[PDB]
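This document opens with one chain alone, in structure tokens, the form deposited without 2-amino-4-mercapto-butyric acid (HCS).
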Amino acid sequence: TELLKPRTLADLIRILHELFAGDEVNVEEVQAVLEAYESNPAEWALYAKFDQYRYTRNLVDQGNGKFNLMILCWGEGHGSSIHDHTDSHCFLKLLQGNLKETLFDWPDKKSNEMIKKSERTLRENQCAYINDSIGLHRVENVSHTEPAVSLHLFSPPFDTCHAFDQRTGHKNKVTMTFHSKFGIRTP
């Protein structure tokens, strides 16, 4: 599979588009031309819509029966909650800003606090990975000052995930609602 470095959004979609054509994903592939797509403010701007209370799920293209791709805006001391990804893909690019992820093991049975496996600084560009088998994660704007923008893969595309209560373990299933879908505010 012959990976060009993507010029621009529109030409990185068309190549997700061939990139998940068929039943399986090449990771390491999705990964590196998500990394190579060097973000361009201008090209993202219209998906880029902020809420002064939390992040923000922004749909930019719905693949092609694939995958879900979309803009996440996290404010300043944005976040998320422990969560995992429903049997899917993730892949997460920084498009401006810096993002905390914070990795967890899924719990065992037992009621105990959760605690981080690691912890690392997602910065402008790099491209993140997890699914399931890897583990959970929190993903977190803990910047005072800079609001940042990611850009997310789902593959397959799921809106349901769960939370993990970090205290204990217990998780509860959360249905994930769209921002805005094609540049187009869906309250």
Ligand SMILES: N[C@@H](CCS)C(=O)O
Second form
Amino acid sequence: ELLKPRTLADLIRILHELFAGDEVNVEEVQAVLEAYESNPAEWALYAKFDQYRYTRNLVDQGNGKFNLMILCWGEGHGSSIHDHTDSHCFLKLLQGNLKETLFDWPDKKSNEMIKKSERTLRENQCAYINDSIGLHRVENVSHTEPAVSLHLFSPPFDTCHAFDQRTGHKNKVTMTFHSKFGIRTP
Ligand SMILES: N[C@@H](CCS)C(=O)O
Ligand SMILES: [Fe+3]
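Got the form deposited without 2-amino-4-mercapto-butyric acid (HCS); any chance of the form solved in complex with 2-amino-4-mercapto-butyric acid (HCS) too?
Expanding to the full complex; the earlier chain stays at the top.
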């Protein structure tokens, strides 16, 4: 029985219940993430920006079943085209807007990766992707508003691939945490 998370802390408790088992009910997880109404005071601790690129700020380690983190996107900051390492990715906007562009998995032959679609994710909306669906790029295209998003990955992963839009060629990337539990981790 899914209830509305009253706060970020409550959300986290509910997520621990939803991931108590070995599988993931994706529609339920998405519904509870969507139902949490972003309250900036609750997540200010985690919203640590960098001038030059987006940051990844760990909020909860999910008892090993998932990682919950907050990503902070300066104006004009965005990601590569990337996969999610055979894991679930849920993304909820906490502040601002992000452009999500979807791409198919490339064929072996070198070719421009043509965007399949795009959407603008607005405050409080939750998107979902996994590798069976495809690849995406996430970008804060705003010139005036920083963006903040809440990401849940299950199982946790710290490596993925970035894809060259000109060719489809992939490279392995190791991701890093800007902070963990509110603490900057150089
Ligand atoms: N997976 C990317 C963010 C977009 S989902 C990351 O963890 O930095
Ligand atoms: Fe992603």
